[PDB]
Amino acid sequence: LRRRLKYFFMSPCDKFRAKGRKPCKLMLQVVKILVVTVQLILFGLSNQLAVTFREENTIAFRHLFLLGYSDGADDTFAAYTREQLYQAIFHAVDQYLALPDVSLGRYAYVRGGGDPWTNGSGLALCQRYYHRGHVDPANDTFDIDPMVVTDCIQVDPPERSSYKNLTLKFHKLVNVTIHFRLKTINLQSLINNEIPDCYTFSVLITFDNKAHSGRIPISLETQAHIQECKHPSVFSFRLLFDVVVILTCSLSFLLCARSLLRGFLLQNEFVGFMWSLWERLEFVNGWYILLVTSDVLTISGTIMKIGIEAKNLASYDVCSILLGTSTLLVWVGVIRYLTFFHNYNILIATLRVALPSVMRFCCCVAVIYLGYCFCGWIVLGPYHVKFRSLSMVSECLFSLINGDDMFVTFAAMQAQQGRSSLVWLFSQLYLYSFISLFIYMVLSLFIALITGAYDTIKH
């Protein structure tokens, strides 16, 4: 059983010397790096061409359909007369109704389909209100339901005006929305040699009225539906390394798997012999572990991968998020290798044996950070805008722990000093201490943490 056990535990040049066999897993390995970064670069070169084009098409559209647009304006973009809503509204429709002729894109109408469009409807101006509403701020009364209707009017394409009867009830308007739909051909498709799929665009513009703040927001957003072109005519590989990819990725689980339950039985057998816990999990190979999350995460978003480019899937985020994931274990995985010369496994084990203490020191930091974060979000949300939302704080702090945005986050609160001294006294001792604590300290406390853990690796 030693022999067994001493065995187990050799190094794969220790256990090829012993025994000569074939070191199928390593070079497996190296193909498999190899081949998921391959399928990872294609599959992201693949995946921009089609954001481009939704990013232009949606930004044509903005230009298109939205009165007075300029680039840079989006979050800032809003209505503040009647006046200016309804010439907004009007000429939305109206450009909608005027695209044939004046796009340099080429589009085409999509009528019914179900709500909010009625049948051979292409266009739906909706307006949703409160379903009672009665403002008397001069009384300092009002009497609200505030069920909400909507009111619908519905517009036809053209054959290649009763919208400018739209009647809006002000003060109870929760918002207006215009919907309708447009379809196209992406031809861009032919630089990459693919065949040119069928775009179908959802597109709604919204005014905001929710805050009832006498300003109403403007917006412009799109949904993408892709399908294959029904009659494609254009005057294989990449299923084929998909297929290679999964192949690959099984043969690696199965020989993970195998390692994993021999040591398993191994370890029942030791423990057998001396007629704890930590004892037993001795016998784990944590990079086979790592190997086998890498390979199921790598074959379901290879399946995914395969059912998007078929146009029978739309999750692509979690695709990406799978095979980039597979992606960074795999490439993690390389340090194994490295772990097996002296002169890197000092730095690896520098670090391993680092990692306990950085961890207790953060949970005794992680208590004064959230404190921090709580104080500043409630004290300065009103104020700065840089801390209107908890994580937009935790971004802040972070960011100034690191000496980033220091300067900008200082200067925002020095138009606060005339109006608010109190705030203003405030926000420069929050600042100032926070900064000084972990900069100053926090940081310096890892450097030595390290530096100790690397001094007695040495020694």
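Residue numbers count along the first chain shown, from 1. Between two forms, the rigid core is defined as the largest C-alpha subset superposing within 1.5 Å. Compared with the form deposited in another entry:
With the core fitted between the two forms, just one of 91, 388, 183, 111 shows a Cα displacement of at least 2 Å, namely 388. After superposition on the rigid core, displacement of the C-alpha of residue 9 between the two forms stays below 2 Å. The Cα shift for residue 372 between the two forms, taken after rigid core superposition, is 2 angstroms or larger. Residue 331 is not among the residues whose C-alpha shifts by 2 Å or more between the two forms once the rigid core is aligned; its shift stays under 2 Å.
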Second form
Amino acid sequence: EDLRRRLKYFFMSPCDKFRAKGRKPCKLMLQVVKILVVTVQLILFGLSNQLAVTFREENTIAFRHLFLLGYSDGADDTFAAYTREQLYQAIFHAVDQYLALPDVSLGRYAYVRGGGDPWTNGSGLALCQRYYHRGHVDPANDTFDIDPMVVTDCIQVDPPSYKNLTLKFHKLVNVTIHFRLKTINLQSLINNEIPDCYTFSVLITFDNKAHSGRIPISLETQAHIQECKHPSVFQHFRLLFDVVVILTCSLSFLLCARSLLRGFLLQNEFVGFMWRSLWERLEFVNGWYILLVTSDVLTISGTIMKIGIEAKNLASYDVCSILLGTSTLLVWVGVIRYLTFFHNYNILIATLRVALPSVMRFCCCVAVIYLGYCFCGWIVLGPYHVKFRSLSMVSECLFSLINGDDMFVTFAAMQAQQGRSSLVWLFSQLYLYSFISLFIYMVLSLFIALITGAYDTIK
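Having displayed the form deposited in one PDB entry, please output the structure of the form deposited in another entry.
A lone chain is what you will see next.
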């Protein structure tokens, strides 16, 4: 009796419900307001996120130019030493620049002393060489006597004896330089924020693990952010905007939870009526509202993290950015729920609903072939091909090849081996040709055929 009318009303559109019981669509206007405010909050956060990331990266580039002898932009991957004299000069240049920093640097840096290892108390720079405990290497007689246990020896340099360093080249594992520098991110002032205090931990590595006559040289930094002690800025909204976002998301969450509860109660009543199928029950679950509550939770968590970062209780910019960006994407996607009511505007969702199961079953069979190719390429071609170094990189290369991207350069990276390793080159030819042909012309064609057949069904 009334159950039929109740269900019919439960599955009606906002305009239909307004016609029926004069219900005002507050959820829709809330969604529009949410899109606006969440996007604005994301951009406002992005300002400070960019400030932090830029400070870290620019300081690291400046360190590379200051401490690496003969360094130039774009040389990171090939920068290396090849003679004993070059290596000694690089090490001494790094240490001398560390000692001269106050007089030459464009930035203002403070020294850090002591702390844990590798620094002794009062020491600012640690210069450590690591070598085998016993190494006797005699290629002339085709012999060696090695105790592979690593011994670390190093020199402590106080900021304003290291020149007596003697490297044990034949059994040298690596050389490292460790030091910390303190600086202040003044640019924050442009965003009406109090500058933070940064500590950069700088590691310079001269790596000899390959014992190949080529020692690559690299510099890396780790940044630690902390609040400064009683700072002063002459004449030192966002909080209220964050509170507004929180209120909007809370109201949206409450309305969506109420709708889900109403749907659950109606589902229970209908099941009781029928009894007097899991899918027939899930038909009462509004997936869009589950997405909306997930988005609200994400947005509130991101806003709380953002408030904490602004208050200087936290410094996890990356997590906050990921939370807020994902929530913004979900908020933008959420409004399709209201287009679902009209067939002329619901082609994408209607087709995906029919296509997805067969697509998943197809992927079941395609994935094992894809993984076989991934592992084979990674292990066989990785030592020779710059695009096959790692499994994730192999997956990227194969996925791009399926889409027709970067094909000729992939083929050409192997041309160097046609004269050196002919068998590997021939294998790479067969591998690439077979993969491209199979996946572009057979697999992808059938995938698209499944999707277009589903569309033909729903149309």
